[PDB]
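The chain below stands alone, shown as structure tokens; this is the form deposited without the ligand.
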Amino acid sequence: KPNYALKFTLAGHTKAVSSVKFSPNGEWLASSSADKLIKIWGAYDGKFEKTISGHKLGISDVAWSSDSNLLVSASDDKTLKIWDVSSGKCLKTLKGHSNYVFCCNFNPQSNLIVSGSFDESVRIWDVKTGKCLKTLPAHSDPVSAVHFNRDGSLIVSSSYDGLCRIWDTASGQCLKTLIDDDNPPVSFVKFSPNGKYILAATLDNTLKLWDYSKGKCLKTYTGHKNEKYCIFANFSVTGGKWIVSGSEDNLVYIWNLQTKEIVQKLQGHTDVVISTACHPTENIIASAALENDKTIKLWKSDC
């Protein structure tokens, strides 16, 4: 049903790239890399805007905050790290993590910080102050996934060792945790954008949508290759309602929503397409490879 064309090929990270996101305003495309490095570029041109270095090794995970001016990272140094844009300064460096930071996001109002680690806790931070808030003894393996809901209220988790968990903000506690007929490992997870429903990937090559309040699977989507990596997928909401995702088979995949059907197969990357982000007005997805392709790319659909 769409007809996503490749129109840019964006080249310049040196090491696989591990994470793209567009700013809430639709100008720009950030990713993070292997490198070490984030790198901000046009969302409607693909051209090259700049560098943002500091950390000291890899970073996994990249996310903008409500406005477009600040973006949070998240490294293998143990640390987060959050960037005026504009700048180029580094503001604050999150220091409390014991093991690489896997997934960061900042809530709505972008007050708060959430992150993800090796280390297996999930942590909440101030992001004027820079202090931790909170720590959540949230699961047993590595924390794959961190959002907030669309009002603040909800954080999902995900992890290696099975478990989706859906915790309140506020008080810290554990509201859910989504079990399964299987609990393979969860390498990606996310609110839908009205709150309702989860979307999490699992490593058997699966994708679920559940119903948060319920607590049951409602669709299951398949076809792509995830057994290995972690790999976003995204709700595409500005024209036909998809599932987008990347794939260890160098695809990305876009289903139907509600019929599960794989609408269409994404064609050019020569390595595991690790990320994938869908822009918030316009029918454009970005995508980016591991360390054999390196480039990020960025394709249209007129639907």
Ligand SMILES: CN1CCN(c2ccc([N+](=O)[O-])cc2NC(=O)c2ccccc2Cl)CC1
Contents of the next structure:
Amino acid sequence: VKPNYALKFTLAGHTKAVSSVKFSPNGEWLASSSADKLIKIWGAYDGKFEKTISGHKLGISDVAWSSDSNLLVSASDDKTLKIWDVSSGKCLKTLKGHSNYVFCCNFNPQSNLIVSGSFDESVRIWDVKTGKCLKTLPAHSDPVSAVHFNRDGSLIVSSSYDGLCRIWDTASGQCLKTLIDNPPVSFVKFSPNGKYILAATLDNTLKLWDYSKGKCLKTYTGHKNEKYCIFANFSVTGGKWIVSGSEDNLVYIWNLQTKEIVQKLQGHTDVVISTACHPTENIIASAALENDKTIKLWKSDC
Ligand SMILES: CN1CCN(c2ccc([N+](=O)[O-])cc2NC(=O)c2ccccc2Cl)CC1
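Mind giving me the form solved in complex with the ligand, seeing as the form deposited without the ligand was just shown?
Shown next: the complete complex, the earlier chain at its head.
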């Protein structure tokens, strides 16, 4: 079987490159961040604009939801993260401490912690309630491209231009594993069950790792990725897919097990830097850079 993703909605509004799209855990909303300094919220099913969230002084690289879908965290060129109340649009906390651009961010499942990665080569862990930086991890020797908590929050995975993926004990702050040619690692995330890590490198390659055995189980190629830190995803609502943007302006979909490309989605007119998979429906959101500036919503039967 192969999926049949068809374009349903194009969401215009951002005035610069869109950096990140994320579906809310409860499936109602899509949040988008942009170099235009703005966060925008959209209805996930009808693509209808909901609100604009403003406050950051410079462009925003990433946005992430709390488990209850009530809060957002953003990561900005202004060296801060901000925590937002989604319903009011209000900035609740500004997370200060990174010495350079913040590129990536995530809540833990418990949503009492935030993790962030910066151009400053560190990974920071923040208390959501107080805004205080609890730990600064000397994670990498180059900009940190991605940070993600595993399913139980006990682990953090980080990736960097230094060519390394690292797994950290959240509680102890110590490095549990280093996956080490080492081309820049531009993306990393845990699988839904926490057993695997999907990692992208800037040599046109995505890899699925069993990090406990430290072994590469699958490779996904055929797409273009040598410049931009492009977000990838596990698609699990229907067929079991791998989804990624690409520098040829397409969204690529692979069969996770066989590694064959099952679909390529055309429509965008610039690099697709971010994709998101809806938590319950077979819906993909994709976002493109400055020649495009739109988010597209795609729907499949499997
Ligand atoms: C969702 N992902 C999170 C991680 N991310 C990222 C990773 C690595 C580096 N870097 O080491 O250069 C830079 C960026 N950010 C930007 O490229 C960017 C920054 C501000 C505004 C717009 C954009 Cl697109 C891209 C989006």
